[PDB]
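Colleague: Residues per chain are reported as follows:
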Amino acid sequence: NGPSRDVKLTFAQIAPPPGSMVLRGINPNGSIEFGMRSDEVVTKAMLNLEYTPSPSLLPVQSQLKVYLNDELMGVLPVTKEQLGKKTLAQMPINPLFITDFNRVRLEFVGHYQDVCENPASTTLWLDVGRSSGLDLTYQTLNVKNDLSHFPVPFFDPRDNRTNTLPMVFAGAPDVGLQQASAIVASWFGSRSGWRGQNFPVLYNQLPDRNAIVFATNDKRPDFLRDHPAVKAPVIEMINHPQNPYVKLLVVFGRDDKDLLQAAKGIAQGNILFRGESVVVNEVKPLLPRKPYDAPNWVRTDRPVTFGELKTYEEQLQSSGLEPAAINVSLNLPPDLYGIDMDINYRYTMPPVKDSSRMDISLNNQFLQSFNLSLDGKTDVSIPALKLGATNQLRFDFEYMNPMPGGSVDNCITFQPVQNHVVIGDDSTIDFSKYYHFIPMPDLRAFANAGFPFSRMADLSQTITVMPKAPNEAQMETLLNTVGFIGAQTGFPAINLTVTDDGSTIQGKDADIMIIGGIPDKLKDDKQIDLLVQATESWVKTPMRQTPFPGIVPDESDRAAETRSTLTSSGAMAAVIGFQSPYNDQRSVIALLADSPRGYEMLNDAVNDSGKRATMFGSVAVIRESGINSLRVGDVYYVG
Amino acid sequence: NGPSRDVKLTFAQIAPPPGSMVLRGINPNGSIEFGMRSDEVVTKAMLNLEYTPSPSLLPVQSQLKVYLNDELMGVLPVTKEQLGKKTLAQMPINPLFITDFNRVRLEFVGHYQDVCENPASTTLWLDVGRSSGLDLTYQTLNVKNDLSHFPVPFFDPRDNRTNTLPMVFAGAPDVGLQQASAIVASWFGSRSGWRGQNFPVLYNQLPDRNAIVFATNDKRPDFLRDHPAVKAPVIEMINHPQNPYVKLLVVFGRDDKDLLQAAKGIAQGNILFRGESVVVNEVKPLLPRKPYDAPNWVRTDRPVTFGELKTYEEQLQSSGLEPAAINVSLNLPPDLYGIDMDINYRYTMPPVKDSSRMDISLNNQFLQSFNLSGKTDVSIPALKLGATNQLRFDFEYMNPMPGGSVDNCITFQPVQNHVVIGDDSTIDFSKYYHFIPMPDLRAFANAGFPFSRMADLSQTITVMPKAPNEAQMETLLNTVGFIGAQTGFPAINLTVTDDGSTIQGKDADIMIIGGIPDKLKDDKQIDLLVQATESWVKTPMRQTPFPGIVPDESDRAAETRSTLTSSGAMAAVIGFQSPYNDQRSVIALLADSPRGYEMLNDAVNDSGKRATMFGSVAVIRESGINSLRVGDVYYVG
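So the protein sequences, as listed, match chains V and U.
Taken in order, the first sequence gives residues 67 to 403, 409 to 444, 463 to 728; the numbers are from full-length UniProt numbering.
Taken in order, the second sequence gives residues 67 to 403, 409 to 444, 465 to 728; the numbers are from full-length UniProt numbering.
Derived by calculation from the structure, the hints in this document are not laboratory data.
One or more hints might be untrue.
What the hints assert, rightly or not - Simulated crosslink set (DSS-like; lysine-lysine; CA at most 30 Å straight-line):
#1 U/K466 to V/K522
#2 V/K323 to V/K313
#3 U/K210 to V/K146
#4 V/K700 to U/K210
#5 U/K146 to V/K152
#6 V/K475 to U/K376
#7 V/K466 to U/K466
#8 U/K466 to V/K475
#9 U/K110 to V/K74
#10 V/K615 to U/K323
#11 V/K152 to U/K110
In isolation and in its complexed conformation, chain V is listed as follows:
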């Protein structure tokens, strides 16, 4: 029937890093997780395991149980011919139990000795190699062209891949149509938060996959020549003419003033979709946005609770023979510039007085410890440990269990009772004792949060200087830029102001984002440290670039030492930040690219969250090698 695809999920990318799970006696549970699109269905599932049993295991009393959503699929005993040898097992997974979200948990029942056995012994282990994994074949369904569940054919929250969503136009879209696209692109990036975005743009084509079609009565694409011209901006869902499984979202209006109204109904609030086609009429303007009010950012205006920082409910509690580390990810403004926590926790009482303790770590670095000596409460002061756009607060509850005691003639073993620890809610963390001050130009803040343009979530104080006639590469790097910017804040850029020429930005109190080339009125301002012409290029390398700079900027190290000008026929992109000459507090970020291949490297380095995190300083050269970034130029402060 439909088109099916075979995927090979390996334990390297779907299991906790590094991928190899060492099943032990204290933590006998390993688990991988995968989700199924509601427009797909699995037909064959097979779990290829590669485990190495401990040479000390009792053979047929030690097993490796494999569950799927707490439903035992099969058990693999440890036959005596496997002890210490890399065993290659393969268990079939029944697709009838594969729901929209699935958990494959491996339990390891391990025994090394009948009598006087220490269950927490380091001799009980079973190392599942990272080469293990699932091979799944998904089959595409034919969902009816309904909008009640609107984004799920185009962005499925179950699919954890990078949400590729091509946007096809009739031609080079004018400024009115660039605002509508960037608003929808910023919204689809708002939803597909941590998994990445990719908006390949097409002009008068069809992308063979679920896409968006921006069309108007005057300029409409090829296949929409026979569509009736609408009165009000309409949102309708059709299917690819040559593929009854590829759906298309057609944003159709009378002119770009309507597509901007439809794109605001999609992004701002909801249209309350019901049916195949829906006309958008109610604009319902939105109350202005206060700075640093992005939904994905921790509230600095007040002490914020831990119940507000946790995504799901089971995050602030763990249990087992060795309780897992409670994790609380808090995403902060890069403008932030100590912390006062009030943590009330509860835990099972350890055996004796001073054995166990609770270690707090922020960003994988020790902060403080507390003996567990039951409820607890503590006030903690965190130093400013280079707090970035995303931090990780971790609580451990490291217990000390007794080894088998007594004596040789009579050994009393302690059947290990499991410990429940819970970082109790009502626990607050306070950031109100922090000032908003940042030394710009900083690309580690643009890469990680899009800071100059994300301090106002809706990108209201932001101007985008597009090229005059945008090709399918300049329009792509725009939807990708406001794509990830929308993902860091978690709010669409409804109030974005796109322009087309350099004059319209003069004397404005807004941050500028230059997507194409660079306007000649901004081009020769000496705060620029790199320019990418057709083939000729020049860069100012700093005086002294240290691997780790420290909090203080040290303006003396950031001074431009030389100016080199090389001319190569290779490909290069760039992301440079400097100060706007029209305001001493506004910043400007330029996304340069010389050749058609240059944009391909630029858009890639923007989509990939891993490749983007390698950006810092004021200049980030993007070549085939990777990203080489520089801290050079005058460090103007903002805030």
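Fit chain U to the known structure of chain V by using the hints.
Modeller: For chain U alone, coordinates are given in the frame of chain V:
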């Protein structure tokens, strides 16, 4: 398929000294690191182990597991016939898990008895002998001629070997080409800091490996005679004409003024390298360098924090039952003349008060101690802060798990400890002056001091011979090579001359690679000369193996002068005072015979042999290097 090569990485050289790791119950892990170049791939890998388990281990419950990049490669149970006897194991490492940087880790699972087993006991041990090793087989790849990753085919940071990089010339270079090559040589040294440098010079001859070719429209090697003449400095990565797996970097120009421009393009603007050819255009300088501004030396103007002394993010913290020592490297100007430390450290506080403490060391010498029962303000004595130094924070714990009594005994699983020498902990060197008693070859060998005072060698004049042969050009590139490795900055403004009559009235340190200009040969500060076969040296009045701080000018006075005439080989590095400026120095790297240059370049390359130079002269023979603190003393600063 490209050429293959075999390697034998014994534990003696790749594991921490002394080479043999004694795995225990408290410290059960032991790691060895090896890297893989980008132009190579590992085809075969094997781990030959020679270990000795403790006679008291339980046979199968005690194991030795081998990880590669945290992927279990195998487990070796300690069979009964191995307890206390040296065994020989062999584990085939899977070459599919080998990446640019690899960590092979040996984890020791130890068990000597069932009940009341003290896991911190000193009977749980497994000595892994230092004759163990990895035997790898690398396979060279045909990489694309992409200048984007410029040094990678010529210098690969994943290769911890000496960066041997031939330099092909068309013949005896002119002083413009000698200076142009010395900038590329010093830049490649800037990149391969501790690995070592070596620039074998070739005159109109193919190099057999990745090399740099300097050619001009007029002077060019034979294999470039068909190359069309260029109109601007061109840098292109071409293939060896008879070896597709050997990449040549051809720096081509119209004359030595162009090669001198491309050399500064490589050294400064190498971040704009693209494609298979780059045309350098107008490298423009905007700022000169302050003295002691070398990027490898610590900032002596401001109090530098520990975040700026890091080399990787996780360097200033440790974890484990016996947490490893936290090291911090301090590269200082070699002429400093105590230190105010402010330390912020966090640690898992021991359960009840005990004798657990943190030991601060410096150059493996105890400095202070602090009981873990925070923040501290330490004051460090002088203790002869040399060129490179090594702070260390030990965090020695005492772990008193309860025992009970002999009838009802109990032991507990020992928890691990976390220690963090947090950054924001500063160390101030502004409480110092720049004063040094010279001549001092221990400052030249360890920091290239007189010339490395200005990182870009602005105030430095190299006096080379007229038409230097391949062995004297190799000494210039090797000398400016390690000097650039010390500072971490290329010798951009080095000026090379072939006439000794252009230094009269010059405020710059002088470096003499060939013979010695007669305007200086008759000085009274010269304590040693090596002529064709006759050599004389002045010996001091008293030289004890530990001088102290003061120079002891009455001990350093030349007592005699002996003149010998042998037919053997000898090199010499002599330093003295510039006869034109009382604050400038002169270093003369002298050699008489073709074999003398081989020993000279060998002593300049090997940082082990360079660390054994001191005093005012260093006589290099087949024995080694014998230094002498002899002659007058002038103070610089």
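Colleague: Now look at each hint and say whether the structure bears it out.
Modeller: How the hints compare with the structure:
no.	hint	in the structure
1	U/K466 to V/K522	holds (22 Å)
2	V/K323 to V/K313	holds (25 Å)
3	U/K210 to V/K146	violated (50 Å)
4	V/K700 to U/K210	holds (22 Å)
5	U/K146 to V/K152	holds (22 Å)
6	V/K475 to U/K376	holds (15 Å)
7	V/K466 to U/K466	holds (25 Å)
8	U/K466 to V/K475	holds (19 Å)
9	U/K110 to V/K74	holds (27 Å)
10	V/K615 to U/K323	holds (29 Å)
11	V/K152 to U/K110	holds (19 Å)
When each numbered hint is compared with the structure, a violation occurs for hint 3 only.
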